[PDB]
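First comes one chain, alone, set out as structure tokens in the form solved without the ligand.
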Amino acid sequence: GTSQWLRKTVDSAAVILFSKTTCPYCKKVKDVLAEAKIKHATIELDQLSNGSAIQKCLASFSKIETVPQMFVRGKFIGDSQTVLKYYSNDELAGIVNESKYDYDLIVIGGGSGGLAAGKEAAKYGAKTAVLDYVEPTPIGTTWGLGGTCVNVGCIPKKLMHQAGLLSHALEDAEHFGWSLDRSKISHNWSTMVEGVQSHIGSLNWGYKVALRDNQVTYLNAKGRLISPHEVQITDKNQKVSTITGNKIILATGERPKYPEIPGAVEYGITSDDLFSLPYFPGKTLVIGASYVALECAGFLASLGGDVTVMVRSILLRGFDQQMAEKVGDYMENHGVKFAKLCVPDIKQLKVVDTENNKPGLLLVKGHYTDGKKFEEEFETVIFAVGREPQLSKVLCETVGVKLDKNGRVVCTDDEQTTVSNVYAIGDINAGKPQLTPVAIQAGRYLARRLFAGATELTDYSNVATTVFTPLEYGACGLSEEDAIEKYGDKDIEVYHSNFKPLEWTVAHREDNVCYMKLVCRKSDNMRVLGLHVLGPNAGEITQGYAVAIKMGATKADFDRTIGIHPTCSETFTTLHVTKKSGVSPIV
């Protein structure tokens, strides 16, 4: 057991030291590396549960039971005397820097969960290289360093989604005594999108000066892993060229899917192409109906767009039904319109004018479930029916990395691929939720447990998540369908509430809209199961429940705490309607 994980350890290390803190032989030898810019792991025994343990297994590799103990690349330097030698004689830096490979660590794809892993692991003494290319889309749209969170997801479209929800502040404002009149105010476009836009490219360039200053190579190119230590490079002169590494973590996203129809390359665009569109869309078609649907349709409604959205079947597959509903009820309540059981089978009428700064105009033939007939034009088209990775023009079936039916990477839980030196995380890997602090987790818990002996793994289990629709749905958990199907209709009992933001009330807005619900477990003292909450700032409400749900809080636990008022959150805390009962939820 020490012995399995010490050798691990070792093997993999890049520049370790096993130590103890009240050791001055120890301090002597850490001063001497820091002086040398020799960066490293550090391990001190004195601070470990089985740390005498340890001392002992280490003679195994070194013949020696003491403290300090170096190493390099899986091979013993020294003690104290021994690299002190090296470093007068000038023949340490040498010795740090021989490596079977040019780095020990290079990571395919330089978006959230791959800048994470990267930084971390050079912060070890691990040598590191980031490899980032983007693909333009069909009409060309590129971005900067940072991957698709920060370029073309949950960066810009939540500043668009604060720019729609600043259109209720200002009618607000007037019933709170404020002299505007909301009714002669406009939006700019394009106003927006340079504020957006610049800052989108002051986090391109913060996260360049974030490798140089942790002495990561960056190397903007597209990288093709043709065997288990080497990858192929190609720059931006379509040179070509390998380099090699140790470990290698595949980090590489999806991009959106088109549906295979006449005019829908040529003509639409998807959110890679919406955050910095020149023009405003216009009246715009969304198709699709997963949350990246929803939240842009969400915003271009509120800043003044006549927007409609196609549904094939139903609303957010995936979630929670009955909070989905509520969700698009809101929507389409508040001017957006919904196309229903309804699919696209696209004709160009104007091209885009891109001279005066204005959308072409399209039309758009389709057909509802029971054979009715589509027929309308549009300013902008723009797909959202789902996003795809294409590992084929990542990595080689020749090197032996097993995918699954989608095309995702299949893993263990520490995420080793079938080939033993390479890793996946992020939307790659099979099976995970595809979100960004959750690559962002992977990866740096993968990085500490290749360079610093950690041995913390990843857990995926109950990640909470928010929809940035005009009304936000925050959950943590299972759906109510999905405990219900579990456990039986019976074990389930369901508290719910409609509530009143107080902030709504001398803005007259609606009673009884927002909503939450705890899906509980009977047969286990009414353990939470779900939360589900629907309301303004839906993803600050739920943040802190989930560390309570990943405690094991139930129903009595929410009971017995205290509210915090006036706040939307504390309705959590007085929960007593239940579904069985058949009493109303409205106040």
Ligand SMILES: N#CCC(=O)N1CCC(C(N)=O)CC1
Contents of the next structure:
Protein chains: 2
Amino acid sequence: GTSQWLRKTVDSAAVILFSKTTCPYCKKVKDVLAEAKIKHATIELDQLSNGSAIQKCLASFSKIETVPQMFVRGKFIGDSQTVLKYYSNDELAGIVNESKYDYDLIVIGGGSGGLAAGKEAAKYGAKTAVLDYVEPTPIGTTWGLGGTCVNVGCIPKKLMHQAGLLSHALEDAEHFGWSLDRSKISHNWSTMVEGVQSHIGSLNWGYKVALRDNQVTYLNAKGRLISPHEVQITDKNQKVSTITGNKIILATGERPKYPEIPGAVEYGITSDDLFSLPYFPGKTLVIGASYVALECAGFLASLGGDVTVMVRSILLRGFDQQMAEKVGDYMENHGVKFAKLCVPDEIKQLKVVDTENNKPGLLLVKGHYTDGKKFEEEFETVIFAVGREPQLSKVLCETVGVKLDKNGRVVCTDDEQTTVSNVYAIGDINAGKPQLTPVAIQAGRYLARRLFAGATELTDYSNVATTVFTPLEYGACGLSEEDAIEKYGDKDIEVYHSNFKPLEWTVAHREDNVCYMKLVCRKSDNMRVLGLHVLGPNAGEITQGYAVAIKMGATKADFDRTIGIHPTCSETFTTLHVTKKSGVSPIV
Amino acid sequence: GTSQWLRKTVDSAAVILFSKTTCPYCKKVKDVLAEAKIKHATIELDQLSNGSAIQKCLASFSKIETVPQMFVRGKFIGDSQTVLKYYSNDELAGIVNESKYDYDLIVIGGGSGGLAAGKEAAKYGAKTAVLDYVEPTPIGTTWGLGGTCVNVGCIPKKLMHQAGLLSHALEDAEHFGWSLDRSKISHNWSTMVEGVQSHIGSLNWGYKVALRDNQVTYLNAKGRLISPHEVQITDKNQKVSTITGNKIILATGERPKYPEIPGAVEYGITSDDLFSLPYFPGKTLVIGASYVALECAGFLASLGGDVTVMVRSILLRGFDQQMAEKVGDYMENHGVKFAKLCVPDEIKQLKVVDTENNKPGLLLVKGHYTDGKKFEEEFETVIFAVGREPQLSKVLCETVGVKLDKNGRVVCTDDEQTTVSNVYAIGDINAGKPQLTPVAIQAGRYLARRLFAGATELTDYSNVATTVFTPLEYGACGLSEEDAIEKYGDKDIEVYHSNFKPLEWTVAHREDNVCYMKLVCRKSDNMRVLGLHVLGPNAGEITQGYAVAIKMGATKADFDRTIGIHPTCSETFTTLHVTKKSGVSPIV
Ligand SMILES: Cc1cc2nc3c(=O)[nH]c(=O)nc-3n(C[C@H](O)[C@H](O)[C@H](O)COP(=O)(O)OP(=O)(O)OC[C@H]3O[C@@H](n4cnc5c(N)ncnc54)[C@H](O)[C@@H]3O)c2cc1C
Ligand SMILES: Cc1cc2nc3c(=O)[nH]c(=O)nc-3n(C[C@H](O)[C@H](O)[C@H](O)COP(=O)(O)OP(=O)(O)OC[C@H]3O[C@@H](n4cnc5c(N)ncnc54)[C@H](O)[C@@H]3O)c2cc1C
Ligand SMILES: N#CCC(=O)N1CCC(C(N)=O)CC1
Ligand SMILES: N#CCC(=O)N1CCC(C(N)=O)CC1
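For comparison with the form solved without the ligand, kindly provide the form solved in complex with the ligand.
Every component of the complex follows; first up is the chain already shown.
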């Protein structure tokens, strides 16, 4: 058991020192490695409970049983005397740079997961290359290093959400005694985009500075895995070449889908284009009903736009549907229009985009409702939010042997390994995993520690909390109510719930019984909390902390015995008492 | 053991039915009581661990072993047939109403704990009186039902905190694209107070409605305990009388102190006066350094007041002093002035308050610094926040025999019992307990269930999370860093920490390395989280959820294995890695 671990650690680690915290000979070796700017992992045998077994097992590689022992890419290099001999003979640099491959690690994709994996591997002396390329959108949009979240996802999305929330702050300000008049104030889209883009650009630069200071090679080129160890690259001059690496991490992400109707690609846009659009969208049609669709329609409406969402069937498929409808109801009461049970049939161009005067075009949209009645209306912008997908055929020659599932995602073991022993996958292309930025970062850093530092910790993908940043936010951790009932039966599930009103909403004369929270519990497992749900301001700040308690197996009794913080919205979770079976109203 | 619980429950309950869910003879008795509108507790024996043992023990009181059995104030009343005989004969009302005392429970004090205890007791059939009276401040300020939090504490102070937070929202809105000029907007104090006071009044009225619909007798009267079961009352006409109750709960709270110096009571005010002050305070001096003092100085400055705080020694005594100093540093850089190591000697009047034209007076404050140097400066308002204390000699005749401590607070067992067997104390006057509103509510609700419904659950007073609502908020759960070092030794403590910047602050050009958080951990106990600390926006919402995890014994690895919600401030707790021992900078 220990022997299998040691052999896997020695085989993949780039440079690794087996040591003890007391030993001065180990310290002497540490000092020479630092002075020569040699990065390496280190394992302190006296810190691990079975260090005695590991010490003995090292002899199977080195013929010796003492510390220090230093290895390079699977080969024993020597003890203290031998290492210093290589140092004072100027032989040591060539020893540690000896490799069958160009790099110890090649990362394909410079986004959330890939940057995280690459920076971490480099800390333990792995020679690392990170490749990133941004295929332009149909109208040409492109952006810098860092991936979807940084450039065209979480970061610009929540910044524009914040600009929307500030509209209600200006409203609420009058009731708390400030002299402004909200009705005389308007919003300038291009001023907002300029500010958002400036922050995004400082992240683009920050990541390039980070890869430089960690000694990671950054290639702005499109990568393609042609054999288990061979990556073909194409640069911005279409020059083609091949690089090799020992371990390969795939982290190339997804891009937005388009519906297969005439005029879509030509005359509409997606979220990839929206966050740097040089003109206000104007009257806008959003097609879709995912969180991306609803969040985008949500802040466009708060910024003052005329917005419609075209919904094929339901909102937020895959989320708790009672919560989903409350989310929708709030948007519809606050100026978002919905076209329900409706799908688009074609887009016609009435005006070309006025690139000079900086104005949108004009489009005619035709569709139909599920009963067959007709939809026809004009909009200035059409935004498609109908899902996202990878295109791994552009990354992965089928002959390499990497297995994919029905949806084109990569089938991995619980340690991110693909069907090819030296290739791994992380992030949105890892089949069946939650498609979220912090998941992709944790997977990437933990994998790098397993490959190059002998770590064993795995990424835990269960009960990861979410927040949908709609105008009233929706946070969750665990199972939806319908999922819990499906799995255990209605008789074994209890639901505690309550409305609430933020204290900030009192003086501002906002709604009495719109915000809502529930806990979904299992009767037979000591009232274990199966899922938590909250609709309200700052839902992500509210929810995050409870994710640790749910991770630890929290029950209703743990919620009850914890005392609230007053006055907060989140304290309502600590005093819940009305069950759904009781039929008592949850208003307050 | 079971015997003694059943004894305690029967002698204390007002009206209690021992039942089984399956039995139709019980259903028959429940319905008769519901129709006659008799409230009562119910113990379902088929839903308890040893319900079969209680069945046999019930015979000691009733000589029967069957179910249902009904008791009134310790006395067995009858089985199914006997209750129906009393009901058919019009004998039931007089049986359930007969008592040695006027009330089953008298609550002295209508505040956070008192109202919570009284409502809960009335649910289980206890005949309940709640007494509340608000002795005026020296300038005559007075308010309605609800206690300190509702009228002159948590609720008005956080509402005024929000009015101050909205000032930075107006500033931020320009950077996010809105067309307003913050420099041309001003605040109106009295418009704010009117909105605040109208909401407080909707809570005064709601409590009076809630007591009525629970059949609780509300007496706007000053109560005094003269004997174990005898409460003397004095109404608004100074008419005196005596009522008697079985159980007594003292819940009378505290009031603010004044320093023993000339002119203070005459010419200064306290928080009791601030929340309904009819004029803007003007140039203000706050004397003290508790959370009250800093919270008030904080929003006065944000509303555009000229504010100074005078500090004897340190800020926020009893809280983590690193956090405390970061709190004050933020205030000082955003326009609160501090006069450190300074105390007051006397207050002189220069102008009287102009009550007609609605203007403050003018005062001269004389004091000295800790070295010997002198303080002299004029202010329009002077607010004292130098602590709070009870005045139990008003409430409680020393001949009754209720033991107080050296501070004047009630010494209680862990179930809130005083030295007199039927008298209990809850809330701020309970010695050694955290003085917080959710604590008082839980103590009062749980005690009511032990008295009248046979509950056994106690209030847990440990690791209760707090939030200080200064201009930059500060939340905490558990031990300060210094307290952990002292209790366990510096070699057994590891502290993880990190600065952070909210995403919302990026586009609005706010500070980079001001918000800050840390986990105080015990090495020798699996890196248990001893205390959590966070300085930043929405700190109460952030902290609350982790209180549940800390209650359950969370460790650093529990925080590590939980995934973050992105983008939030709170997610920074899920990736902490820089330790203080390592000396690495926590900046970002
Ligand atoms: C509008 C929107 C909002 C979102 N909001 C949130 C949110 O609030 N919270 C959250 O947790 N998640 C959010 N997400 C999801 C989050 O962006 C993703 O889960 C995350 O970016 C996944 O990271 P990744 O490393 O898997 O891929 P990516 O971040 O997409 O990075 C992959 C990179 O590889 C590049 N690449 C592709 N093919 C090649 C190739 N052949 N050669 C070289 N480079 C290549 C891509 O151009 C890209 O730069 C949002 C997504 C969207 C679209
Ligand atoms: C400025 C300020 C801000 C605060 N902010 C917070 C906060 O954000 N969060 C928090 O958790 N806590 C806060 N607190 C503390 C919180 O208000 C108290 O812990 C809580 O009010 C205590 O409740 P209680 O039931 O013990 O007493 P109280 O709420 O004070 O109620 C006691 C009541 O009994 C009345 N009474 C007194 N003597 C008699 C008598 N003889 N007969 C009849 N009635 C009598 C009193 O007049 C009062 O109405 C704050 C306190 C202050 C002063
Ligand atoms: N259907 C369909 C067409 C389609 O989805 N395209 C839009 C995205 C473009 C890109 N971002 O690389 C090219 C491919
Ligand atoms: N209620 C009320 C307010 C009140 O009566 N005062 C409390 C402090 C007293 C003092 N320390 O000299 C002055 C009187």
